[PDB]
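Participant: Residues per chain are reported as follows:
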Amino acid sequence: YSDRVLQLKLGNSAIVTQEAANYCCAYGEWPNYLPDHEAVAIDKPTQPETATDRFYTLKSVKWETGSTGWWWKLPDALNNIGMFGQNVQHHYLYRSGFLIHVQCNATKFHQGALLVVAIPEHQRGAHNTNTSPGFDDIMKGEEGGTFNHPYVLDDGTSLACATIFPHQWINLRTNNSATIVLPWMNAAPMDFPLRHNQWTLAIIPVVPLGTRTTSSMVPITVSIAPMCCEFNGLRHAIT
Amino acid sequence: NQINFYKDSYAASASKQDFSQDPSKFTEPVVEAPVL
Amino acid sequence: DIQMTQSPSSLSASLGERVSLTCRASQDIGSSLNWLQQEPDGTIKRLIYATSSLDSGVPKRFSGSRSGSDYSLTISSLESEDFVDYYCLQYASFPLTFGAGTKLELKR
Amino acid sequence: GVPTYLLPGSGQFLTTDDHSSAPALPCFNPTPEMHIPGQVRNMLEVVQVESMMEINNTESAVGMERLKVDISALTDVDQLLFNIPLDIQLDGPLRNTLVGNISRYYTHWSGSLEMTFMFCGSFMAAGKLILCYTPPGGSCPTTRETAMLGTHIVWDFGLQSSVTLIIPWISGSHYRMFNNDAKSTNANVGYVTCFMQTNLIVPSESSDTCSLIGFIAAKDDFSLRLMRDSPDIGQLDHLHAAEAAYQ
Amino acid sequence: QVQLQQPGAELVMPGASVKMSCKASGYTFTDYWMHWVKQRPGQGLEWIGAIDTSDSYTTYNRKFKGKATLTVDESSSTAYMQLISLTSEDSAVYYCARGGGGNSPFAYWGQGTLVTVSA
Amino acid sequence: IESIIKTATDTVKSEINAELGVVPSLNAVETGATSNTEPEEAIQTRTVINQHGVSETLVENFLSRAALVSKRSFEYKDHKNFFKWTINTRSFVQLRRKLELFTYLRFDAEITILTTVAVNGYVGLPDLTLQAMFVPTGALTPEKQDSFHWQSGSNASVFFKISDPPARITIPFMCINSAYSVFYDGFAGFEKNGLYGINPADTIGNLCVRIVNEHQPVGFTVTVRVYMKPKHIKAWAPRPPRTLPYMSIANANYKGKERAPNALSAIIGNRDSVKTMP
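Chains as they are written, first to last, in the deposited numbering: chain B, 9 to 247; chain D, 27 to 58, 64 to 67; chain F, 1 to 108; chain C, 1 to 247; chain E, 1 to 119; chain A, 1 to 79, 88 to 129, 135 to 291.
Certain hints may be false.
Listed below are the simulated DSBU-like cross-link pairs for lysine-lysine, each with C-alpha atoms no more than 30 angstroms apart in a straight line [claimed, not checked]:
(1) E:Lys63 <-> A:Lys205
(2) B:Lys67 <-> E:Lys65
(3) F:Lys103 <-> E:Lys63
(4) B:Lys148 <-> E:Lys19
(5) E:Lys19 <-> B:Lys17
Calculated from the structure, these hints are not laboratory results.
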């Protein structure tokens, strides 16, 4: 059908998918550069365009029987990778959107479902203690973390209501990929890249996978492409 | 109704009348009979 | 890493003398603090929990309060067994840090 | 001057009153408004988003297993798969949903509801289901031939992976109440049951146990009235750091 | 009733590995967090890390990343700390304490074990 | 499509429909889009004019009510007759859980202070004069009742009695950003010393309240309750309602009850089986 196939061309990267459903745009918005009337910082921003806008494939994770789910926080996942990660280090501020594409496929004899959701401003909790989560607990870099209790979304909320957020499903019967287009979501027009994370990509297996065919590894691959990147506050790198 | 003798605008009483909705952003957050 | 600065690092007092111990918190840790008493044998015994209250079975010679960012452990009257290394813990946030410690000696 | 006289209700503090009050910061200019995505100007925008029902709630289902319903190949015809109690006020599948959590702040409700079930089984799995809704006034239907008699949809697995069961608005009043009586004529919504229409046929290679995922969302004619405190959140004895804010 | 005792830690050659065993009793083992603290003869305390008993989940101090590995067994009600890259600098007294949200952590403590190396 | 909707939508009658290629009851949830199937296309209906108003579910209506942000009882005797409360909405779970239904909020606070006096465990209930001063972040905090910090030349203060009607002031939206951050993922400081989430530092500052009179008569209990009613509200990005109980006000940490409802493993109370019901 028409919308079952999709191609995504950003920069020197391109992604084709023959099984997909109607790629999602978060809150009916599409990424754009900061307009002049919403600008604050006076220095002329830098716009790498094709340099930093392209798909960066994150390390794939293995989908297994007892998997609880996976999260990647943005930009944090992208801070160490490619020319995007260099502009993050040398510049004090950034504004960009994100295009997230998750690849999970299997044979027509596998059953399973994934909830791929982008949680804006996801503040994580800690189980059975009053101690606030540390820095290394929240910031996993590229590999990302794992849900301890995905039923509560680790923040104490309900996974049942997670559909209020921008989301798509990967149902091993229907489609092998999910695509979400995230605009800039923040209270401030620009933000400090290292400390604050606007979006949290959460892949949760609402329905696990099992089959009576010969078992095989099913990886889950994530490809995240920044869009409409800007940077200010050029200085030396933190490194 | 709506009696404000204060000079500052934020000190006015709350206004309840914004009946605009766009449920289509939450319900149909896509780019676009069988859909597939 | 919120650094707990414990002062003074050492003190000298005689029996029946009121002494105090103050720990500094760079970032505000709220009401979350614990005062730890370690006997010379190596056994640690908690004294004050959440700065507000005392553990059950611990003598009432010990008190605690917060004034600004200062956390004060006040001893009403010293005892022979009360000369040991004291510590202040912060459970407010990870990672948990300990104060430098304070040594108690008898005047001579 | 102007002769006046006080009225009853003078000096009273009413939590819901609407009045203008003296500003504490003269000549203060807030930060200019910036366009931000996802503005909610009415709560009925939220309740129309479908969210997962927990049908499988039991003592043997732990954690996430509670949001899916196991559908296994059955050796007998005309068998009931499961049923959904429709009481939103009571503790049931509809409480933790978006439409449930928001509606519990309101004493009255109106409008149609819709259920959506997604079949997560393997591609080669095929079968027909029937999703029945029985208006109130009687006991839940035990058998399918009794359940057909109400609003139902017969569903066949295929390319489209989901259905929509519309629960129509049927009442003798303009509104219904959340009062604790489950069988009250102003409360009871009716019953929802799911029967095997034919059978679930899966190959020997595919997994035999397949899982539906139930959804529910309010419609465009949905409505709510007479806001109240939500029973969901209860009293909390020990609240950490609350005393720290008082210095 | 409630008690914490960890035996062992006698002599371990450098570069080898050591498995700490701290047993818990007197309460429900999976309802409370487990903490680890080391003390050198220098009398200063450092916080090794904490494992969530509910599952495997662990939180470490940045200095001990990769040096210490925490694991538990829900059956034996014991908590293990795997120390690798053993050096003379790793010789100290190690403690294990309880935790949990209610009534603050570190309500109870262990005896302590002094680790020494033979080179 | 944005539109002005003052009332619920009317229903139109429908007839028997059997047609090939047209399947309104089919949808795809994998697209993440709510089912667009209408009651007219699913079942055979009648024309119904729906006059039910939607005005009461507006966010301006829903979130704007007077709730208790702070309750502080301090004894009045010879001493200490004042308290400094760092302002946050995380204190009481009734208002906290409702404000957390949204990620960002822009609103003006209308603050009300209700004062009551009680007898410690009769002659008369005294009439005391209380001062409530609003100390912004980064200013000097009064350490005493009679201290010089209560002069309050620049600061905003209010004087009110116990007999007079409750004192009420309006607080503008003061955030340095376009809207408040209810949930903040990150750290404020550029070093590791920062705290995860919003900390009682930047936000709204402090509120200092004392009794203006000196110490007289013999001790009574004075409880000060503080109420906040938002106004002019703008809300963005709604969020799942919290289920498990709260633990600390500075973080989202959760535990869960022992048994359902609101248990960690089970939010909804259990039943025998999915087939079980009278």
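Participant: Taking the hints in turn, state whether each one holds.
Facilitator: For each hint, the structure was consulted:
no. : hint                 : result
1   : E:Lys63 <-> A:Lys205 : holds, 14 angstroms
2   : B:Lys67 <-> E:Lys65  : holds, 21 angstroms
3   : F:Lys103 <-> E:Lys63 : holds, 26 angstroms
4   : B:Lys148 <-> E:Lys19 : holds, 27 angstroms
5   : E:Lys19 <-> B:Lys17  : violated, 52 angstroms
The structure is inconsistent with hint 5 alone, although it conforms to all the rest.
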